[PDB]
Every structure is written in structure tokens, then in C-alpha cells.
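Following this message is one structure expressed as C-alpha cells.
In this view, the complex is presented without one of its protein chains, the others remaining in place.
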Amino acid sequence: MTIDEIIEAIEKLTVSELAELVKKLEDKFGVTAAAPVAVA
Amino acid sequence: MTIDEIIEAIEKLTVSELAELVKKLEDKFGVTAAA
Amino acid sequence: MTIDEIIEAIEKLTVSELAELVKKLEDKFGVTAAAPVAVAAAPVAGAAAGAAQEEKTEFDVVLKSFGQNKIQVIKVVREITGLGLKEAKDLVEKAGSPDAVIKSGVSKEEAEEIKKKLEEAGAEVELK
Partner (left out) sequence: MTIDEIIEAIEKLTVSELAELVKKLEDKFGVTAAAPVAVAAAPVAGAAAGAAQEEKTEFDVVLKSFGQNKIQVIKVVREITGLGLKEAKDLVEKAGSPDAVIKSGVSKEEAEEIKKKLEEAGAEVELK
């Protein structure tokens, strides 16, 4: 299946590249470490 | 919406209980963490 | 593939495909090692879920009014979602509002199967 092709492509990535993957994905969906505003 | 309604519930579970809910969910569908 | 192509591919995934991809990762690598992709893909899945509604690949069931019968409209909602009084009630009390969605990411069949039932408890139910 397609997802398996992707899972196989992810498995082959070095840890730093996976970190690049995550970075690009997170930068794009404006995800942040920590609640943007106080959930106090 | 219902998910909001579900988020509000999870949002007030004390750190434990959430840890609980988590493990319960992970056990039901194949608890990984390490695999 | 290249990082970029894994991203493009991922971004072309169905919400269901995404869910299964991450699940498979947690199965394969363990939840800890796979969590990175889990959290990074979620916004991608959510975006898509939101695109499906936006189009018509999926529909939601929005409460437009509980009417004379509110205790039942609620009774039903809980049978449908698994919520609780307070929750189910807080939601039901949003009738007429956009938030008042009682279900989403559903085909236009259940849309009616649930809508009807919600009307069966005397309630205003609009689909989207």
C-alpha cells in the first residue's frame, strides 16, 4: 500500500533527516512547543 | 462540538487519570512505547 | 524518497491513510520512537479532515434547536456520542450555534440516520 511505501521511506531516513521532516511539517502547520497563550 | 466537549473532559483529568486514560487506550489497541 | 517527497506524499494522504500510517508506525517503532511523526502528522490529518467537510467527502450533524423536548434531545445525543449529562447538555445547549455539531466526518447516509433520530426526539437538525 502507499502508506507502506512512505513508512519504508521514513524508516530509511537518518534521525536528523526525520528531524527535518518533522521540522518542515511543524513549521507548515504552525505547531508550537507550548500552549501559545496561557491555559493557566 | 462533541470533540470540544471531549477535550474539555480530558483537560480536567489531573495528570494521573490522563496517564490512566492513555495507558488504557494504548492497552486496548496494542501498547507500544517500546516495539 | 526525499524529505520533501515524503512530505508531499504525506500531504496527499487521506485522513484515514494518515491515521493508519501513524498507527503502523507506533506498531512498528513503538509509541515513543513513533511519537515524533504522530504529533507532526496530526495537524496534517486535521487539516484534511477539515478539507473533507469543506468539500463533501464527509458531513456533520448540526443541532439547530432542542425545542420543547430538550431532555430527550440530550438523551439521544449521549446514545450517539458517548458523552455525559454535563457535556451532552453543554453541547445540546449550543443548539442554533455553529459549535452545535453533534457529529462530523461522516458520510451523507449516517448524516440522516443520526439527523432523523435527533428529530425523533423533536429537534432541529441541519446537515453540512
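Per-chain residue numbering starts at 1, and chain names A, B and C are given in the order in which the chains are listed.
Everything below uses one rule, namely that a residue touches a chain if its C-beta (ideal position, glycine included) is under 8 Å from a C-beta of that chain, and two chains touch if they have at least 3 such contacts.
In the full complex, chain C touches the hidden chain at residues 1-2, 5, 8-20, 22-24, 26-27, 31, 34-35, 38-39, 42-43, 45-50, 52-53, 56-58, 80-84, 87, 103-107, 109-110. The missing chain lies against chain B, touching residues 2-4, 6-7, 9-10, 13, 17-22, 24-26, 28-30.
Where chain A meets the missing chain, the touching residues are 1-2, 4-6, 8-9, 26, 30-36, 39.
Throughout what follows, only the chains that are shown with their structure count from here on.
The geometric centre of chain A is 21 Å away from that of chain B, both derived from CA atoms. Averaged C-alpha coordinates give centres for chain B and chain C that are 17 Å from one another. Taking each chain's centre as the average of its CA atoms, chain A and chain C sit 23 Å apart. Within chain A, not a single residue touches two or more of the remaining chains. In chain C, 28 are the positions where the chain touches two or more neighbouring chains simultaneously.
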